[PDB]
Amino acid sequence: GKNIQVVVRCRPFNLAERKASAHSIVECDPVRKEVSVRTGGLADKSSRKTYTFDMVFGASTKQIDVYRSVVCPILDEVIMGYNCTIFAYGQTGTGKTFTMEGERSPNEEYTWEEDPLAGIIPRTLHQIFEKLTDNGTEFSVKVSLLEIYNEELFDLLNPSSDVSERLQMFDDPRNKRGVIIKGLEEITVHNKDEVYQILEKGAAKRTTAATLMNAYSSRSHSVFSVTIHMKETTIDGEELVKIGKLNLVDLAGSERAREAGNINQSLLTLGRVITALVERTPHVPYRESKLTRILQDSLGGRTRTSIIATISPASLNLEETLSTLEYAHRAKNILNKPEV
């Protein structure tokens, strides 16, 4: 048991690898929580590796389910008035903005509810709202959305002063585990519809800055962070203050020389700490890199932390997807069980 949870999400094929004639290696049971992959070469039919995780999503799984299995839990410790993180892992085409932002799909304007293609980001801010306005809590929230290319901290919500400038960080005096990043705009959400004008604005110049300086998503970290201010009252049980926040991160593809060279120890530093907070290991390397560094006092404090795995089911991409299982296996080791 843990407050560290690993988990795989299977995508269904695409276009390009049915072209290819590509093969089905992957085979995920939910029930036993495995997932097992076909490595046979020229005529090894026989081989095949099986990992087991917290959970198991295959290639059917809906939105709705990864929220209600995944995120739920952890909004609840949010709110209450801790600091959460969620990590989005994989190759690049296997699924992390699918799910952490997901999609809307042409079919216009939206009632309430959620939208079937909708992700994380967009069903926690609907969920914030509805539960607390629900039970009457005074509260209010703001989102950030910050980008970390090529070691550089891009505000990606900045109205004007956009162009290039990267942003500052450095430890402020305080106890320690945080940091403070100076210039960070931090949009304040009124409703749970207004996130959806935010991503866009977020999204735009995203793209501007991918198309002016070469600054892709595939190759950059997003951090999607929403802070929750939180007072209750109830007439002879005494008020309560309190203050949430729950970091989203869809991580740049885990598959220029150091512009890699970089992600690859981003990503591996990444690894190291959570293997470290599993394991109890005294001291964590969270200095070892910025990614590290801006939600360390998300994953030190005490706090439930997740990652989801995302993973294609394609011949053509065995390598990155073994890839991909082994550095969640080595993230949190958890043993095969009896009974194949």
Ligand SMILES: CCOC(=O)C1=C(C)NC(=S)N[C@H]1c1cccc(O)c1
Contents of the next structure:
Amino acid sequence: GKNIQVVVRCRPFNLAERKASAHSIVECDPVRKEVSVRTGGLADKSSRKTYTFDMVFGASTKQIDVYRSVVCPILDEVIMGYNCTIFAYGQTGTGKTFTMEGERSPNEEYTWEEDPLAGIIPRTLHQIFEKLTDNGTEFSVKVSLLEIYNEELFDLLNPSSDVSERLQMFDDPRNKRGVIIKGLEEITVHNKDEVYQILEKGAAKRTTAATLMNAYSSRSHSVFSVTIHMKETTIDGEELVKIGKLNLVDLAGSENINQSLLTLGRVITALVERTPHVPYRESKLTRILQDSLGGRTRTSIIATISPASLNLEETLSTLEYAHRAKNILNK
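Target state, the form solved in complex with this ligand; input state, the form solved without this ligand:
All you get below is the one chain by itself.
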């Protein structure tokens, strides 16, 4: 029906890299949707590997650029009453969290609503209220933040429990491409002015998780879901009741223990090789997101890479992985 769309985003060099006068081994050509990597040698003469994707974003790409080109189109589909998922995949330190969540500009220069460093999640929540409050639509927004570490599930938005309490997952007797996560809390976001504090609470609880679990920020998978219940009444009088859900997934670092990460790779292989048996059941992540992998959910993957020569091997691994994913078909 529809191939999973894959986009690549290369981050810029940081301070420590700039001062060292580092030479980028990555060249991005958005118009041609290609990414080229210097696999050995220098700029005078050398070999390179090139890959074509659905979209390519170089180091000069700002958060708003990513939102306008990839997220906006997807959010519109969600608002039409469909389900969508966006994965962030890549080596630790390449920008998965920066892309999915973003961060705050230093010294309280901007409000969260205007911060140029804000990522996909905050921009999406803000825009949902902007677009639906604008037109004549009755709506409700609910969010949840589920995280997976060592194949255990945690609810990062429940203010009544601590990160030591794991959640139980069961098969949904009703629908077969889904599961039931007992205890997972869904928080109602009444208005745009309740967004930041809800996101902050999740961030604070995540800090306690990092203290209890080793390399939590690198080894955990985060699934932020936003569900929108709408009752739209056209200027003529017809009412259209629809429900849309968007899953924003920040995957564990791909650098080479993580059953969900290993299984995701195996699921993709089975899907692209057209193998009858797809191992969805082998991990919590793939059971939870089964409909996003060869299912009926519109899925996109943002593969993040580094431009530093020090990360050549992992950069190539990420590109090869992302290129293969382009052949997965959903409906």
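Numbering follows the first chain given and starts at 1. So that the term is clear: the rigid core is the largest set of C-alpha atoms that superpose within 1.5 Å between two forms.
Undergrad: For the list 214, 140, 133, 208, which one shows a CA move of 2 Å or more between these two forms after the core is fit?
TA: Flagged residue: 214.
Undergrad: Does residue 281 count as moved between these two forms, where moved means a C-alpha shift of 2 angstroms or more after fitting the rigid core?
TA: The answer is yes; the displacement is at least 2 Å.
Undergrad: Can a Cα shift of no less than 2 Å be assigned to residue 30 between these two forms, given superposition on the rigid core?
TA: It does not reach a 2 Å shift.
Undergrad: Relative to the superposed rigid core, does residue 97 relocate between these two forms - that is, does its Cα move 2 Å or more?
TA: For residue 97, whose C-alpha is compared between these two forms after core superposition, the shift is less than 2 Å.
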